Amino acid sequence: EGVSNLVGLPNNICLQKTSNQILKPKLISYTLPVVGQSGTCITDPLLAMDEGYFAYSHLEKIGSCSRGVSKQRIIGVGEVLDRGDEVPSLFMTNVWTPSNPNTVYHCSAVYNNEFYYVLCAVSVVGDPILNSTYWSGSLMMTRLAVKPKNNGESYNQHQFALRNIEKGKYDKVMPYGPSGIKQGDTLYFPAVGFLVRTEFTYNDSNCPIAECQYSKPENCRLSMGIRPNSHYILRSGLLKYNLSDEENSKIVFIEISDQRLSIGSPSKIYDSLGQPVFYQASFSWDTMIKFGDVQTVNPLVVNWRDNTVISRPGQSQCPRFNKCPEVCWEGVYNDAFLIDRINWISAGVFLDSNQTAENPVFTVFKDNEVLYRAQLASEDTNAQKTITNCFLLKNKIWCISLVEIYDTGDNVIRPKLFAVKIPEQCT
Amino acid sequence: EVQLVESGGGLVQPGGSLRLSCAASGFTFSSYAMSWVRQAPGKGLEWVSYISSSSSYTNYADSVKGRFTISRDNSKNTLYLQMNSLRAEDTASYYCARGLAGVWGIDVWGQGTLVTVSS
Ligand SMILES: *[C@@H]1O[C@H](CO)[C@@H](O[C@@H]2O[C@H](CO)[C@@H](O[C@@H]3O[C@H](CO[C@H]4O[C@H](CO[C@H]5O[C@H](CO)[C@@H](O)[C@H](O)[C@@H]5O)[C@@H](O)[C@H](O)[C@@H]4O)[C@@H](O)[C@H](O[C@H]4O[C@H](CO)[C@@H](O)[C@H](O)[C@@H]4O)[C@@H]3O)[C@H](O)[C@H]2NC(C)=O)[C@H](O)[C@H]1NC(C)=O
Ligand SMILES: *[C@@H]1O[C@H](CO)[C@@H](O[C@@H]2O[C@H](CO)[C@@H](O[C@@H]3O[C@H](CO[C@H]4O[C@H](CO)[C@@H](O)[C@H](O)[C@@H]4O)[C@@H](O)[C@H](O[C@H]4O[C@H](CO)[C@@H](O)[C@H](O)[C@@H]4O)[C@@H]3O)[C@H](O)[C@H]2NC(C)=O)[C@H](O)[C@H]1NC(C)=O
Ligand SMILES: *[C@@H]1O[C@H](CO)[C@@H](O[C@@H]2O[C@H](CO)[C@@H](O[C@@H]3O[C@H](CO[C@H]4O[C@H](CO[C@H]5O[C@H](CO)[C@@H](O)[C@H](O)[C@@H]5O)[C@@H](O)[C@H](O)[C@@H]4O)[C@@H](O)[C@H](O)[C@@H]3O)[C@H](O)[C@H]2NC(C)=O)[C@H](O)[C@H]1NC(C)=O
Ligand SMILES: *[C@@H]1O[C@H](CO)[C@@H](O[C@@H]2O[C@H](CO)[C@@H](O[C@@H]3O[C@H](CO[C@H]4O[C@H](CO)[C@@H](O)[C@H](O)[C@@H]4O)[C@@H](O)[C@H](O)[C@@H]3O)[C@H](O)[C@H]2NC(C)=O)[C@H](O)[C@H]1NC(C)=O
Ligand SMILES: *[C@@H]1O[C@H](CO)[C@@H](O[C@@H]2O[C@H](CO)[C@@H](O[C@@H]3O[C@H](CO[C@H]4O[C@H](CO)[C@@H](O)[C@H](O)[C@@H]4O)[C@@H](O)[C@H](O)[C@@H]3O)[C@H](O)[C@H]2NC(C)=O)[C@H](O)[C@H]1NC(C)=O
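Chains as they are written, first to last, in the authors' numbering: chain A, 176 to 602; chain B, 1 to 119.
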């Protein structure tokens, strides 16, 4: 019994393409009525899962859901057990809330022996990626046990400021992504870099302008920054934290390779059937999904995937299915999880729209097509960020996905988590 | 289907002592976790207590750290709460669930129970 990661020989999942909806999503985020509504708003979700223990984080805003204020940030971990009718869910076992809510930004979780490290960024100038021209660079680690004890005071919660940073040539590092992986006694966190634009070494001749007649050569170089005349260009990567020493807080930034170099976006690195898989959101001209399995971690080189059917929507400047360099910084985070390696099958919640951010639809794509899909809400329900993680329930693969949707009787976009069972039959 | 049956009333003098019970049926109560949650009109969720499976770990909130203590009666499925020395800031509807605070819940909130502390 229990819940384990993707290891061993699971049950055979369907492989062919069919239209019969064999997917049965089940909501596991039953919230009480909000009678007496107000201008509430929940954003910046977080969901990590590993070896049967999950985490969660959210920022509750009062007012406009983008330019609002902060009231509370619930960051807590818990176990993953069966509700009883052979349906997995996320049971909470510990909850932590910081005192000042307008300090924590861009958290990142990871699993360890009997803890759950949550690496967040501390800033006193607002959101970092919007005001990075004055950020200090301090990073705070939060440890939350997955099984608290009576009167520990040092086992259920422990924080410490990260002092030493091994930044190679950048200026500031920051955790950027939902979750990471473990390698026995080493922790890895997804992150982004901040390099000076003037100190960037990138020849303006490797831009893929094969068939992009209506474009410009320097679009690749201009797209690496949040703005055309920006002062810092982003760079995805990983943060290494070797906790096997504990002599001094170490921060080792592992930059990504130059293959398909895009702007910095929330990245996710997870384990699947022994080999770690990597994901990177598309907040640049390259609107297609950026999947890939990692073969080398210390020097980060990921074998990308040439998927030409799954992408994310955006604005008019850089809409979906765009494969040409254009100066733009927009998109939505929609990841997936590798459920099989022999056939290289993935599964994730992606949006189905050209220039809007509605209609969240669960979909399973092998490499260049969609096998079976299933919608979660109506064709008009809005959605911004989706986080997908898969696990096992004693004989078979299950996937719990956090999909922010617009509830009818709530009038607020609350992060609701579903539960989809991958079937063992086609049609 | 999981059925949650709340109990306990309200309209008590300030500083009194009430006992809020909540029984359940369906899932095996012997090995799970229970937590009281409350919400006043105008605010959201806030955990009130927490308890483990074998009545080993017990957690509370900073506002009610020393007010009451949760219990467990695994023999006869129940969930008591011996509230003591309540204040006016405790007038809210209490509920029972299977998660500490979260935004979670693996069953529709059945009826709830209101507790009024005033005059
Ligand atoms: C990204 O980060 C940067 C950080 O580098 C952010 O920029 C910083 O913004 C803060 C804002 O507080 C600056 O601090 C001070 O701001 C003061 C603002 O004055 C008042 O403004 C509001 C208006 O109310 C007043 O209006 C008039 C104005 O004359 C008054 O007569 C009236 O009586 C009202 O009181 C008030 O609501 C508010 O509370 C302020 O009181 C500045 O006045 C102040 O100037 C000092 O510092 C100057 C040097 O910077 C110096 O020359 C002056 O003489 C004076 O000593 C001070 O600037 C930070 O200075 C500023 N940083 C920098 C580097 O300039 C930025 O906002 C942020 N952006 C985002 C999007 O997050
Ligand atoms: C950043 O990226 C750009 C683009 O790739 C690089 O610039 C290109 O460099 C290549 C060389 O690697 C150029 O290709 C050829 O360059 C020849 C240079 O001429 C002389 O150069 C060598 C020394 O390097 C001398 O020893 C020798 O005598 C050569 O004669 C040109 O002669 C070639 O001309 C051919 O193409 C042109 C069309 O461009 C035809 O009209 C000619 O008839 C002939 O067939 C050829 O061009 C290439 O041209 C460069 N591109 C541009 C736009 O200039 C940068 O070098 C790189 N940055 C760095 C730091 O390396
Ligand atoms: C994260 O941080 C941890 C530290 O906390 C890192 O773990 C360290 O990894 C290094 C790897 O180089 C370990 O160094 C090892 O030390 C061994 C010493 O143990 C015994 O060695 C002798 C055995 O004979 C050896 O002879 C030669 C010597 O080179 C070897 O080639 C042979 O194979 C034999 O092993 C004994 O005589 C001696 O008395 C010792 O008992 C050594 O044998 C290894 O070859 C290696 O040099 C280091 O010990 C680790 N530290 C800890 C605390 O475990 C970890 O790598 C970091 N992770 C990163 C950076 O990703
Ligand atoms: C989409 O895929 C689904 C995958 O499960 C399909 O469901 C399966 O469809 C087949 C073909 O119709 C069923 O096989 C038949 O089932 C009937 C009825 O089984 C029921 O029997 C009693 C009632 O008599 C009921 O109590 C049971 O619970 C069964 O549900 C049998 O009479 C036939 O002999 C034959 O076995 C499968 O049973 C059914 N799956 C399940 C789990 O029921 C679905 O049909 C596909 N849809 C389309 C449009 O292709
Ligand atoms: C969502 O996005 C999809 C992909 O971006 C959209 O599909 C694209 O739609 C555009 C708009 O039509 C197509 O662009 C042009 O299409 C016309 C075809 O009409 C004329 O074409 C023939 C041959 O040229 C001509 O002889 C006739 O007179 C026709 O009137 C042409 O101008 C071009 O060939 C060009 O293709 C895209 O081709 C098309 N792409 C794909 C992959 O289908 C889709 O429309 C969007 N939907 C919404 C609702 O926005």
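I should point out that these hints are in silico values taken from the structure, not numbers from a laboratory. Every residue gets a Cβ at the ideal spot worked out from N, C-alpha and C, and that includes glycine. Don't take each hint at face value.
[Claimed, not checked] Below are the DSS-like pairs computed for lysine-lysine, each with C-alpha atoms no more than 30 Å apart in a straight line:
#1 A:199 / A:596
#2 B:43 / A:415
#3 B:76 / A:415
#4 A:322 / A:347
#5 A:425 / A:391
#6 B:76 / A:322
#7 A:201 / B:43
#8 B:43 / A:246
#9 A:415 / A:199
#10 A:415 / A:347
#11 A:324 / A:246
#12 A:246 / B:76
#13 B:65 / A:322
[As the list claims (entries may be wrong)] Beta-carbon label-pair distances, calculated as ranges:
#14 A:308 / B:66: 21 to 27 Å
#15 A:544 / B:3: 41 to 47 Å
#16 A:196 / B:31: 50 to 56 Å
#17 B:63 / A:424: 32 to 38 Å
#18 A:490 / B:31: 49 to 55 Å
#19 B:30 / A:490: 35 to 41 Å
Consistency of the hints with the structure:
With a C-alpha separation of about 7 Å, the suggested pair residue 199 of chain A and residue 596 of chain A falls inside the 30 Å cut-off, and the hint holds. Of the supplied pair hints, the one linking residue 43 of chain B and residue 415 of chain A is violated, its CA atoms being roughly 40 Å apart against a limit of 30 Å. About 50 Å separates the Cα atoms of residue 76 of chain B and residue 415 of chain A, which puts this hinted pair outside 30 Å; it is violated. A distance of roughly 34 Å separates the Cα atoms of residue 322 of chain A and residue 347 of chain A; the hinted pair therefore is violated under the 30 Å criterion.
Restraint check: the Cα-Cα separation between residue 425 of chain A and residue 391 of chain A comes to about 42 Å, which exceeds 30 Å; the hinted pair is violated. A distance of roughly 26 Å separates the Cα atoms of residue 76 of chain B and residue 322 of chain A; the hinted pair therefore holds under the 30 Å criterion. With a C-alpha separation of about 28 Å, the suggested pair residue 201 of chain A and residue 43 of chain B falls inside the 30 Å cut-off, and the hint holds. With a C-alpha separation of about 11 Å, the suggested pair residue 43 of chain B and residue 246 of chain A falls inside the 30 Å cut-off, and the hint holds.
For the suggested pair residue 415 of chain A and residue 199 of chain A, the alpha carbons sit about 39 Å apart, so the restraint of at most 30 Å is broken. With a C-alpha separation of about 15 Å, the suggested pairing of residue 415 of chain A with residue 347 of chain A holds against the 30 Å cut-off. Straight-line distance between C-alpha atoms of residue 324 of chain A and residue 246 of chain A comes to about 29 Å, which keeps the hinted pair within the 30 Å bound. Only pairs whose Cα atoms come within 30 Å are accepted, and residue 246 of chain A paired with residue 76 of chain B is rejected, the gap being roughly 40 Å.
As the CA atoms of residue 65 of chain B and residue 322 of chain A are separated by approximately 20 Å, the hinted pair is consistent with the 30 Å bound. At roughly 47 Å, the beta carbons of residue 308 of chain A and residue 66 of chain B sit outside the given window of 21 to 27 Å. Taking the beta carbon of each, residue 544 of chain A and residue 3 of chain B are about 45 Å apart, inside 41 to 47 Å as hinted. Separation of residue 196 of chain A from residue 31 of chain B is about 35 Å and departs from the stated range, judged on CB atoms against 50 to 56 Å.
In this structure the supplied range 32 to 38 Å holds for residue 63 of chain B paired with residue 424 of chain A, their Cβ-Cβ distance being about 34 Å. Remark: the range hint 49 to 55 Å for residue 490 of chain A to residue 31 of chain B is upheld by a beta-carbon distance near 51 Å. With their beta carbons about 54 Å apart, residue 30 of chain B and residue 490 of chain A fall outside the hinted range of 35 to 41 Å.
Hints 2, 3, 4, 5, 9, 12, 14, 16 and 19 from the earlier list are contradicted by this structure; the remaining hints agree with it.
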